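Moving on, here comes subunit A:
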Amino acid sequence: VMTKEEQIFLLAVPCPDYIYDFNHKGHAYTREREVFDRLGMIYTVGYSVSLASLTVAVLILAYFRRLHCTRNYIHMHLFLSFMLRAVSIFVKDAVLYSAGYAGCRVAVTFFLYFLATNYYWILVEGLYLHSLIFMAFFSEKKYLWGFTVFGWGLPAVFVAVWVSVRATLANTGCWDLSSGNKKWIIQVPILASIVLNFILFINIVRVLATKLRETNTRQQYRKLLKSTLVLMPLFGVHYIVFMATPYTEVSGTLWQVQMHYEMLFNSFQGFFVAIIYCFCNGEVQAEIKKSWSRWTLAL
Partner candidate 1 sequence: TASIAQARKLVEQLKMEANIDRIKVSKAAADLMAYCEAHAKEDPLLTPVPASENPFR
Partner candidate 2 sequence: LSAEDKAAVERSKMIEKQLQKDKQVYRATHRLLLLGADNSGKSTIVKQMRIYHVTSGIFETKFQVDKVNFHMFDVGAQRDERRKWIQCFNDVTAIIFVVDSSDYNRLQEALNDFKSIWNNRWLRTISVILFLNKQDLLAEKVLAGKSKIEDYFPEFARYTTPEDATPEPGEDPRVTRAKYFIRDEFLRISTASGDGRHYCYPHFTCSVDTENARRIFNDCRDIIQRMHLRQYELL
Partner candidate 3 sequence: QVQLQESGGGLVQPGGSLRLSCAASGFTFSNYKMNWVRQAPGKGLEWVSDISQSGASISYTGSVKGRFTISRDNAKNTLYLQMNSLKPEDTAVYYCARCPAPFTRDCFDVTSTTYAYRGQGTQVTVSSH
């Protein structure tokens, strides 16, 4: 562990004589790299594509003032969280790759905070969608400030608590290295959040069933399947697929496929969400067509 098996191993030194190996005579004077590089390239490309698509979608949505609504505001917040997560990941990759420097800890903290905010906004999307059926329908509908506080301050509070605990307990150089169960302080909430979001997804599906049978025919099942497919990226369903898998050694089979699945689906989640909610949306397409027609007529 670390470079301390030489500084504290001065006893220029004979053989230890208490180790079965390292014969007492005399005196003391690739595949993992390939898979790591492949995963890095895959998730870097995915995050770059997602960032480009999301910033284009944000610009398009901000251009049209009529699209301004609570649902679109929450979508904009989610897109901003995804963009910040991608930027933080890129900065962390640049800094850590290619000893207690302030920049290391700052980059790690920013990456963790942006990841937590992204997960919390993914949860907030499902929370608002579920509220629109049970809480909101027939009740004040605006809760933008409350959801914003929940998605920003609470991740900030828990990240600050984790930073304080790390500084007080170990503070061992860069904070990339994990020390004990302290990392769970970040892992325990976020994963649980995802679980809650998953539950909400199921509830949404239940709603998406109970109305359809009221209005009726295999077209009902086709529409239900389409709605489930377009709602899967929003709720982060793919997280629960490999959430149950604990920490595993790099030289393994389950770990490698889990890492590939995560670095593909999480990377493409932003791109899929942008396509679904900003390119296939009827209102956005209609507004773009109207703007293009007006521009052509004016010119």
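The candidates were selected such that all candidates are chains of the complex that A comes from, given by their letters.
Just so we're on the same page, contacts are C-beta pairs under 8 Å (C-beta built on N, C-alpha and C of every residue); 3 or more make two chains touch, one makes a residue touch a chain; residues count from 1.
Q: What candidate from 1, 2 or 3 touches subunit A in the complex under consideration?
A: 2
Q: Please output the residues of subunit A touching candidate 2 within their complex, sorted ascending.
A: Residues of subunit A touching candidate 2: 71, 129, 132-133, 136-141, 207-208, 211-212, 214-215, 223, 227, 230-231, 280-282.
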